[PDB]
Amino acid sequence: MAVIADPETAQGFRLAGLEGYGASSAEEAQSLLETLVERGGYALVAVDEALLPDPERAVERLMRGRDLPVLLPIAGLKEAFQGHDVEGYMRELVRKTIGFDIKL
Amino acid sequence: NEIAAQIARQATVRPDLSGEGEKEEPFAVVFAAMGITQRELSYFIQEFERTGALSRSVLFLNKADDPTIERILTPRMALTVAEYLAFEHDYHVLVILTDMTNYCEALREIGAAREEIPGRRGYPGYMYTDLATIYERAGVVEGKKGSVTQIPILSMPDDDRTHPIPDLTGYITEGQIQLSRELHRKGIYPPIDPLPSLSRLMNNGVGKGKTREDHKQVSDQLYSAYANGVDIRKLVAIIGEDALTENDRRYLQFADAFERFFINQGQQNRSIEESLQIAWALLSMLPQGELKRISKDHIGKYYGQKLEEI
Amino acid sequence: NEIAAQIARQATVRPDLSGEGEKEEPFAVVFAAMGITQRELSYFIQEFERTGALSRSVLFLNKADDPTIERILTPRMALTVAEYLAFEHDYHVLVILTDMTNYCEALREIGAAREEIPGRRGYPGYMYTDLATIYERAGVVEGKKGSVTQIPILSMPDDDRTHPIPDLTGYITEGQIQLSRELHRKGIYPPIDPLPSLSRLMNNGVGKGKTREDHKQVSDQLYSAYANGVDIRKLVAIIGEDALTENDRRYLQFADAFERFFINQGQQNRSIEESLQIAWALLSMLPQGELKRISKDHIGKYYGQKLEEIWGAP
Amino acid sequence: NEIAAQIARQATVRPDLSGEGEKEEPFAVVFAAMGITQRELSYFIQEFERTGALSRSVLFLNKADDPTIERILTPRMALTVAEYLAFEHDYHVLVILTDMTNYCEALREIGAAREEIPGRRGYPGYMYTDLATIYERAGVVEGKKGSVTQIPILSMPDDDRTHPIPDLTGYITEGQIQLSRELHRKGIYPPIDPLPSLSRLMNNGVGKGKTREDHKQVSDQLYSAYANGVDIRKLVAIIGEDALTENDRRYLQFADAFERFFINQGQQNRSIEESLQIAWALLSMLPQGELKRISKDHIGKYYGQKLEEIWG
Amino acid sequence: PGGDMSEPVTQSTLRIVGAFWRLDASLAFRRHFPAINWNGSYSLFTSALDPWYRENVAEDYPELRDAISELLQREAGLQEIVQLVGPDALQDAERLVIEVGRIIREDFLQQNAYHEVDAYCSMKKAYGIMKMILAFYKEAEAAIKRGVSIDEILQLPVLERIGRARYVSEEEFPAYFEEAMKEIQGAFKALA
Amino acid sequence: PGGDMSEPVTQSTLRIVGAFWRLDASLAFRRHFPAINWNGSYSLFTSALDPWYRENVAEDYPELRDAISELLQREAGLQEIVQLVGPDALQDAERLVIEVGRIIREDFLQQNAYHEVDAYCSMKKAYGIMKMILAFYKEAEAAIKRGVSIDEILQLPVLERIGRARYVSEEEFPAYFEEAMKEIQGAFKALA
Amino acid sequence: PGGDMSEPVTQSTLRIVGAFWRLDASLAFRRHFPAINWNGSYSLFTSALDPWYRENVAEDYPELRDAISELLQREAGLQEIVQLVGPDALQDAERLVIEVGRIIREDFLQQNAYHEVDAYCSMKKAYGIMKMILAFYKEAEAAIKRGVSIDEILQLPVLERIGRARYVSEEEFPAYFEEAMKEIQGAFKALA
Amino acid sequence: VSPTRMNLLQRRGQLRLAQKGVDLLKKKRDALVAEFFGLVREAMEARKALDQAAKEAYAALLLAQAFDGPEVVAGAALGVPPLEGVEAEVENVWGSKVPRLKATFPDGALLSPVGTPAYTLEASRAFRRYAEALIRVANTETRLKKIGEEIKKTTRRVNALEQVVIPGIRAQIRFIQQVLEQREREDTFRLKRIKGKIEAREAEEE
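Residue numbers (PDB author numbering), protein chains in the order written: chain H, 1 to 104; chain E, 161 to 470; chain D, 161 to 474; chain F, 161 to 472; chain A, 387 to 578; chain B, 387 to 578; chain C, 387 to 578; chain G, 4 to 209.
Same shape as in the complex, but just chain H:
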């Protein structure tokens, strides 16, 4: 697979043998993500939430008819150490795919 996050997280993922890229800003990470998608060897690309909140803005530029190289946002290790907002993410996801603000 592949991971796009801060260089610390990229090094940590390379420590487990996974492709990693260190990026500080959204444009750099998206630019390298386009080339990574063009490579297509890895079946999954992980991108930091504080780096790219919505990687869906880049998923569809390439891989127009194919979805095998799936991608998803992830909480970066800096904020993951503090804590990830699971419930807010779930609410925004259900709103994004349904759109009715239905919870509890």
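Zero decoy hints are in this set.
Pairs of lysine-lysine residues, derived as DSBU-like cross-links and limited to a Cα-Cα distance of at most 35 Å, are as follows:
| hint | chain 1 | residue 1 | chain 2 | residue 2 |
| --- | --- | --- | --- | --- |
| 1 | G | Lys105 | G | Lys155 |
| 2 | F | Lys394 | G | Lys23 |
| 3 | D | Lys223 | G | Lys195 |
| 4 | F | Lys456 | A | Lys511 |
| 5 | D | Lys346 | F | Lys394 |
| 6 | H | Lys96 | E | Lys466 |
| 7 | E | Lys394 | H | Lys96 |
| 8 | A | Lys531 | G | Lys29 |
| 9 | B | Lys531 | G | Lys155 |
| 10 | G | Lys58 | H | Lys96 |
| 11 | E | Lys346 | H | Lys103 |
| 12 | D | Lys394 | F | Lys452 |
| 13 | D | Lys346 | A | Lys524 |
| 14 | D | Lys394 | A | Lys531 |
| 15 | E | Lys394 | C | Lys517 |
| 16 | A | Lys517 | D | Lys394 |
| 17 | G | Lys155 | C | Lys531 |
| 18 | G | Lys149 | H | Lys103 |
| 19 | D | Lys394 | G | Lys149 |
| 20 | A | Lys510 | F | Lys452 |
| 21 | A | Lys568 | A | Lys524 |
| 22 | E | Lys346 | G | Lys23 |
| 23 | D | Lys394 | G | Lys148 |
| 24 | D | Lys466 | G | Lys23 |
| 25 | G | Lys155 | A | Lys531 |
| 26 | A | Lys531 | G | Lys100 |
| 27 | G | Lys198 | D | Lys223 |
| 28 | A | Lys568 | A | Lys531 |
| 29 | F | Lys466 | C | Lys531 |
| 30 | D | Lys466 | D | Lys346 |
| 31 | A | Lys510 | F | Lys456 |
| 32 | A | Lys531 | G | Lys149 |
| 33 | G | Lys156 | G | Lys105 |
Some chain G residues flagged as far from chain B (calculated, every beta-carbon gap over 10 Å):
| hint | residue |
| --- | --- |
| 34 | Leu18 |
| 35 | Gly41 |
| 36 | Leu81 |
| 37 | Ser99 |
| 38 | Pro109 |
| 39 | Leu114 |
Quick caveat, the hints were computed from the structure, so don't treat them as lab data.
Backbone N, C-alpha and C define an ideal beta-carbon position, used for all residues, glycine too.
Given chain H's structure and the hints, the job is docking chains E, D, F, A, B, C and G onto it.
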């Protein structure tokens, strides 16, 4: 009926804005009720009494239990009185025919009694000619100060605009005002839907010396913007996405504010200046990036209003 | 025609259920046939003679090539005989009228022959009144022990219930029993579809002291459960068997077994107790407590039996 | 009118295919026009002049501004001439009745003036018999060289095939050629859609020793494949093209290639062999095993050719 | 007139005939012949003729005919959903029913009145074709329940044999029928 | 003829009658009686009858009636959302308005024609029930603003008081209404 | 009556007229005038006038007219796919076709009979507008093939010149057309 | 379309089929919504597990970088061969294919477990289980997104039916009914005329 009563109460000449500024010419309302119930009759009598509009009014009131021929003769009497007043005493007469559907039902009954050749849905084949002999009596005559104006209210059966009654009436009259049932469901009064409504003589009745100079351009812009909002909200239903281009959301908000403030006016007697002020306040769209259907330099004179109401 | 013959040779009164035990209450069937073919005539004669049901029946058989005035007069003769028997000899009379569509067509033709201008949809403008004068001769009279019961049989011309004949018949009569073409072509006889069927006077003739304390609730539960089974049968075609909940699969099984055993009676003569037993066995396929239209008392008294009446022990 | 003029210009028998192998005289044309406008009349006159067929064509012209009751006599006189020529002078006569809708209009006018008990849409109840007395005058007679072939033209009012005029005409004649407005709007000429069309005498004239051994089976296979393509178009109108299988995609491609190549031909004159090879090139787009209506012999003999091999 | 079956002559005929063979222009346009509208047709002689069928065709002929009619009814019921969501939205069993229905329509109900062999068909040949089709249907449903795909089932050459069955002459039909039944059993044993 | 309001008799009738009480069998199926469908039903006599209501039952009656109608309208407008997802997953304010709509349906619109007391209801008794319902809605809206759970409100002892309100006799209703308006205020005051 | 084109007068008229200018209520309601239903309308004089159009307007005028009609046909066809799948989920070429069809409608087919300039349009002005639209379409198609996103194509200021072309007086139009041609060239040259 | 009684019956049948299809699609959407609301809870569980795994992985990274030089851990990351042995089987959900990820993560890529620095093994195992938990989260998210897209598609179909198919069929039905009723009215008028003429021509002739 409520809209008819409101128009009868509120209708005025407005000669002060006119280029030929003068003391108001005599104005009168001839009201013809056809096939009306006792409840509606009480409503109309109370409405005309409570505001003194009865003094400048003549009422012809045919009840639902009256003989059917009197419903045929009622618009004849009303228009005879209107023509007499307007073209022999220079009155500006406004004529209101409460329900032409009842008149057409009476005409169908009479025609079937005479065993005439039928029509599209049992109505007489000559119904167009009869409705024309009623409606064509309105107008303005060269060399005479008076005028006759007709507002025939009719109930479209099953809201079908292709029914013979509204079809022939539209074939005769210069436009139509169509009430929307959806706007009625949303609690808006008067529930006039501007998209299917049309005034044929409008384009030569507004401008300099009549209303205000920006009237036609403002109307064109309002129609264009409301149409854009409606065609955005219709595409939203098919697409099922609130997430859309930013400028589209400006028109959806514009459409909602338009329906809730401009169309929804209750019993308010808005002047043409007040209505134009409300319209310009509603024109909170971009001065040039939007508001581009009609080219106008009246933006520098009227734009920038901040929706403030009274 | 087969259902008409079966009802004619199976219909009976049950004075023992009312507690009267009065078999002295006579029963007769008046059978009026209108516009029938020689095939149908032979079938009816054979059916009435082979079982001995003729001995309590009067047959007014009008053939398709007989005069149409005879077709118009046939239900009048049948109802005159029925009224005479019921209200002068205390007979319980069942009158079967096949086919009312033929009668309406004969009425239309005779009206056209008398140069009468037809009314709505090309039928006579007085067809409602004529059908009323035919149908409303059934009833029960205060002070008399007889009765007249009518089962008109009419073929909807294009399976259209908006057609004047079924429409006016629905206006005049108390409900209808609708045969189903999809049930018929699946091999189920009699092909009676319970969902569009309705008996408007049913709730007055069932219950404690008449049929049984559980009849109405069992009927309601059967109706609701069959409707659920049918719509789940439609849904399972797209979403698949396993995607349904367990109770949805139970509803599927219930609908299948219902069509197999309750509706698909064949030429059996089932007493009301047999039919109620079969209904309870079918409802026992559904979990206890899912039967919401039925009181807990009846559930405790009757729930639990399994399908043995029709398969395994006929 | 263009299709009728083209047929009159190009129509010919093929004695070499029928084994007769002899030179044949051209058709004599009897042209009966009822309520024809000046545009259509000028078009027909100019076409017959350009093709040189006026010298062997009898013309009965009833204009749109001519009295309408003459339209009752016009086709009867035209067919009297046609029958005389064919069955007493061995002429092969092609009869074109330019608009039978106007004839039925005149018939309705006369019937309503007489208060005849009408059929549907106010046309007289004897309209079937009256149209039959005109149509049934065509045919071939035993022991006679000549023949009468009728190609009436009628305009269905609102493209309604169930209208009384086309309905009775279809009940009388041996099939019909129906034009499609959808094909015309696509720019396809001639806009003949084959599914509502029909020829009842087609079996008599085709087959081994007449045109070719594969004619009937090729026609049946074309009909089946085009019907499948139309059904798949209706399905695409719901599920979208990308949701199709590859076989439905093949049938869709066959349908639109059929419309654009087999039907759309312009003013060119195609021999039956040209049309048959175009049909086989179209059928080669489909899998070989799906030509269920064609015998394996014809498939082996003719399957494989490509449209681009016929024309560059 | 116009194909309007609600016309008084057709309605008057409905009420006196024991069989009704309704034609539809939809099948005639497709050149599917005899073009009998199965849904709109009926016969009131099926019950009375059963003893003759048992004595003269086969003892199980009425059951086989009823099974074929039930398959056609199921296909008609599933077409309501097919016209709604497309044939690919169905499960394998329902899509198998659809495919068996079109197989029935194409190589049992079709009959070329001009083909020298197909123009006539004896009762025993129709019985054999029905038996072949229903044997294929039972084996295909069994294979579906064991996980075989429907698109795998549709490629069997025994389907081609079933389709070509109707063009086999009456004299040599029994051998063809026995061979095809053996082929059905062997193909759905080998292909699971 | 089959419930089609577009037929000529219904169209002619609705053009002259002042009220339409669209009795519905769906409500009767769900044991809602008198089974009047509050949607698709109307009355044109409210505006003219308003002064009589203000004089004879209470001055606030038209506004209270409008409030009840608005609660019913909101319940109707949330029906598609509560259909797509169950009421438990619904938002808290939407849950509250759904529950108050149910309360209205069960305790004000419902009426037992065979009950020895509930068969008849005076104008003042209906006014008292409506005022109790709006007091409950005001208090519950405030409490939801201040963070109590909807499932706590849905179990308050005042709910059975409001339910039993319509079963009290006419002469006993005034004191019952007074003490119930005391109890509801006290209960919602006690909550956090 | 009721806009029904099947009524006897319309149908008896269509048999004799050479041109059929079908107006549409849907276009008239939305103020899209002249409101000609270009799909339902037809003319039988189009072919016979071609030599005059070639001699008096432009040698290639019939080809421009045919290309405009083909673009309208493609747009009308793609409207169904737009309504089925949604305009978002179809390729940029089809979006370009849709937008070019919209441009054709609103800037060439629409005409204000009350505008002091737009009320009349000469043949050469119409030919110039058609040339503008088709040049823009071909250049935008090349840009789409060149990897340019349709978003910036739709944002080009040249669309304003194209839209305002019809309000240019007959005297000024020959120079406005030249500058519009040069601007169309320069804009899609500037995309690089 | 041709207005006839048979065509009117066909239109009524099509209307009934459309209404039944609306009901069927609503039932399908109900099933889809139940599955979707199960999957949302499952994905919430997966995301919480991912949160914990990321927490411990970052803690291990920080501790390793404190107790070992950045060059050493970078060289250890270089030394391990990349775990590129990944694949996604095409899981089929509701007739739609989705890629379902699975990772082998062979332990043969671990170099000298007893020779590595003190916290390199802990960081390696923490990041390995973190990566596989991330793959679990990705599987949950793709399945949930596919179910949501299917729900949106069913909603599109239901809305399209109920809004433009059924009303159009109803309008066609009423149009055909009006045409048939008009033809019947014309027939009645003609019958009246001919009855009057029968009576008149009999009356004067006697």
